[PDB]
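*Asks:* Given chain U, put chain V in place with the hints provided.
2 protein chains.
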Amino acid sequence: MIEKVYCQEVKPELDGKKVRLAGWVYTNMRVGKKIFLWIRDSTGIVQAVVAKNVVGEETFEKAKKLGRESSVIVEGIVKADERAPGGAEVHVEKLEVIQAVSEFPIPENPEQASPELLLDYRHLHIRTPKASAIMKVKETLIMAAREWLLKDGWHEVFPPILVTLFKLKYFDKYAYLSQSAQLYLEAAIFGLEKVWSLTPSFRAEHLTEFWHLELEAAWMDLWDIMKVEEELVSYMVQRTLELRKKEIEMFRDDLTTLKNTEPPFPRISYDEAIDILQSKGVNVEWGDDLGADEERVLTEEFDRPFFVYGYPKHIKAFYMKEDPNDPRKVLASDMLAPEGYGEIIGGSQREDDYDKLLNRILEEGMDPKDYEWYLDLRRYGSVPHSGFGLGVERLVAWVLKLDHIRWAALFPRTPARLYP
Amino acid sequence: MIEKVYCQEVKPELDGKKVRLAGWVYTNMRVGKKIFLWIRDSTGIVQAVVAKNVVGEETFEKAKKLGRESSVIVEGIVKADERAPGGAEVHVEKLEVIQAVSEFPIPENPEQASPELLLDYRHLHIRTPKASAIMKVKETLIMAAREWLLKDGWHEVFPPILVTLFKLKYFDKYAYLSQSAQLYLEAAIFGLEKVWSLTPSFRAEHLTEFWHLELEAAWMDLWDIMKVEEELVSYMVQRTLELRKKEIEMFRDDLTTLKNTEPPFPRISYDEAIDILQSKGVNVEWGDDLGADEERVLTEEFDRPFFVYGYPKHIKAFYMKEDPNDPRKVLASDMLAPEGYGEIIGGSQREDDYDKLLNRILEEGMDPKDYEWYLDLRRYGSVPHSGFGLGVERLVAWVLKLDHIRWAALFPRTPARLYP
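Chain order of the listed sequences is U and V. My numbering numbers the first residue of the first sequence as 11 and each following residue consecutively. My numbering numbers the first residue of the second sequence as 11 and each following residue consecutively.
If we strip away everything but chain U, and leave its shape as in the complex, we get:
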């Protein structure tokens, strides 16, 4: 048990006290006759002052050789000094060099490098301040979702990843990698009523692997689930603004759209969306899908997340409930982030009528035999119900205005990239 003092703990009120730092060399500079090592750990950076006449010639010479990412244990006495970072520095008595490094492959400022170099060295890139900040924002957004979910009475479940799309050999059968836990959450609402899961989902056609936060609720219609989505997203964003302002300010000059993320979110129908896009000069016809690029133009009209609802039936999945007021449409909505980010949540009310569902399965050239367990849910005490899925990395990318979603994944998976 290395009993360490974290960098964030090194404060002017510790003046005259001994501390033990454990971390990595951030910078090494000679200042006067002395060596100033800035030591990084997970909480911050502290200035450790190494004086030849205190530590001796052998240690002083070792200290000169410590490049970026050298691992070190440092013991010394805190000195309050307004001119040091944090207003306190450490006057080094003992320096233990675990491993001297002089050729760390990630540049001092990593965004000087080619993104391809950074990704080939992803395992080293994630330790740097900005990449690390994204991971802290990610865990906080997720912690906040779990707070909200517990408070609001939702039950966490752990649905299957292997399903009967990536294909793999599975003993005497074949298995696919799940793209969504939804159908299994629908089975679970019959016992638990309000359920959620957080699972990796896979896309074999953009990350090919991503984190999927999904909710499903008995008794709720489309309008009810849209209230859930805006309440959940608002709490996640507000709680993260509260806790991670420092990290978010590394990525954003302007926090306005985040600050604006409180209920009620603006709501437009798909019909109004087509109107907005045609009125800005976009060649889209009613019934057409809104892909990435039409979504981008739509988001220009908004300064916070917003909903689009009431989609044409045939651009949405087989399981969606028809709008009973206009059977040409389904009771589906997506939540799009502003500033060009586009869809972060897709959800719907689900079809709860056995015959209507069987019929959609047939119409779509699917085999009702493969979906028998799914159809069972409309046979044994069917109830109205709705749910949705949020893309975690999509949300993080909007929150930090990232230029590619891959930076929101610890080790991103894309069609080109499986490594490290």
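In short, the hints are calculated from the structure, not lab data. Possibly wrong hints are sitting among the right ones.
A pair holds if it fits inside one copy or across any two, identical chains being indistinguishable in the list.
Said to hold, decoys possible - Each computed DSS-like pair below joins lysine-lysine, with the alpha-carbon atoms no more than 30 Å apart:
no., residue 1, residue 2
1, 366, 14
2, 27, 237
3, 146, 237
4, 204, 161
5, 323, 183
6, 379, 177
7, 28, 74
*Replies:* Same frame as chain U, but now just chain V:
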């Protein structure tokens, strides 16, 4: 928005108040001239009394046809009555039948059925009281782990599932399904120091898919990580005893070993383990693996979780640190549950010396080229570090004394079973 009163809320102090129940028929029995419907929801069961002269003949005849799992909305007035369940029943004014059911495939007492029938109908089985109870115990054990992890200063990360073992085609390459996030958590401790993840892991040789709670920490040796493991497991079990006593009592006559789960856990060396097993008449030689069945006999000596530490190098994975006092051994330990359950956690101190690690990789007929990023971690500011993985379903199976681990999975995956 069906604005419902949950079954657990129906209490004698609501005497004379209107409530709306939404749920499923648990039982239907005629008592005198009246129909008593017991209505299940996610929180409990309430007795709803349907009287012909209150609801009318048409509703009364509909009520007679309601078998198990009929979905219903019930409005009525609470009446405090010591003889009804919960001491309060609902006198029905309005009964809305969403879907009458008379042939639910899961028997009234599901453990009358063949386990194979229950699994073929897993999507319906999970709604029943006991299967549901396991899921509530599971989410609580996990919630408790997250409480402990946050309090103790660990950072949550979201490591990769696809790695360069199940095999799949991945565009122009092949990918494998991860069996453990460990090597990626080792990369992440350089930025975050104390990290954890909860991911599905896969075993292609017992579930083939399971939930893996894994921790990794800079600066910690084997003895330090064993303290973490016993503190984490104790909090998870004590917090779950606190919250889920009702659920656990469904499965256990005796809570003693759970109550005994507090630090310090007993610790024996692998050498003492071999001694214990030989002294009970088991044919095991030093250097031999302890498989399922030797572990079972070992657990007889213990009344709470216990550690076995200091394994022969060649029964453990390539990445483990040699015991510097006896290089024939590695600094590995497993935590075994009592009562025959056996291993719930496997962990170790990791090798932090570049040459020793390179050498183990060679000795094991592996190609150091494939592990270059892993070896990088011993090149760029290596630090001592340790970690471990806990099997969530294994822990749940011990906690509830389950006769098969598959019952702890929402939708279990085994070599024989991919469905539903």
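*Asks:* Pop the pair residue 28 and residue 74 into one bin, within, between, both or neither, using alpha-carbon distances up to 30 Å.
*Replies:* So residue 28 and residue 74 pass the 30 Å test inside one copy only (23 Å; across, 79 Å).
*Asks:* Classify it for me, residue 323 with residue 183: is the Cα-Cα distance of at most 30 Å met within a copy, between copies, both or neither?
*Replies:* neither (34 Å within a copy, 36 Å between copies)
*Asks:* At most 30 Å between alpha carbons: which applies to residue 204 and residue 161, within, between, both or neither?
*Replies:* both (12 Å within a copy, 27 Å between copies)
*Asks:* Within a copy, between copies, both or neither: where do residue 27 and residue 237 come within 30 Å Cα-Cα?
*Replies:* between (53 Å within a copy, 28 Å between copies)
*Asks:* Since the copies are identical, ignore which copy is meant and state whether residue 366 and residue 14 lie within 30 Å (CA to CA) inside a copy, between copies, both or neither.
*Replies:* between (64 Å within a copy, 27 Å between copies)
*Asks:* With identical chains treated as interchangeable, where does the CA-CA distance between residue 146 and residue 237 reach 30 Å or less: within a copy, between copies, both, or neither?
*Replies:* Classified as both: same-chain Cα gap 27 Å, cross-chain 25 Å, threshold 30 Å.
*Asks:* Checking an output row: residue 379 and residue 177, CA cutoff 30 Å. Within, between, both or neither?
*Replies:* both (20 Å within a copy, 28 Å between copies)
Going down the numbered hints, you'll see the structure goes against just number 5.
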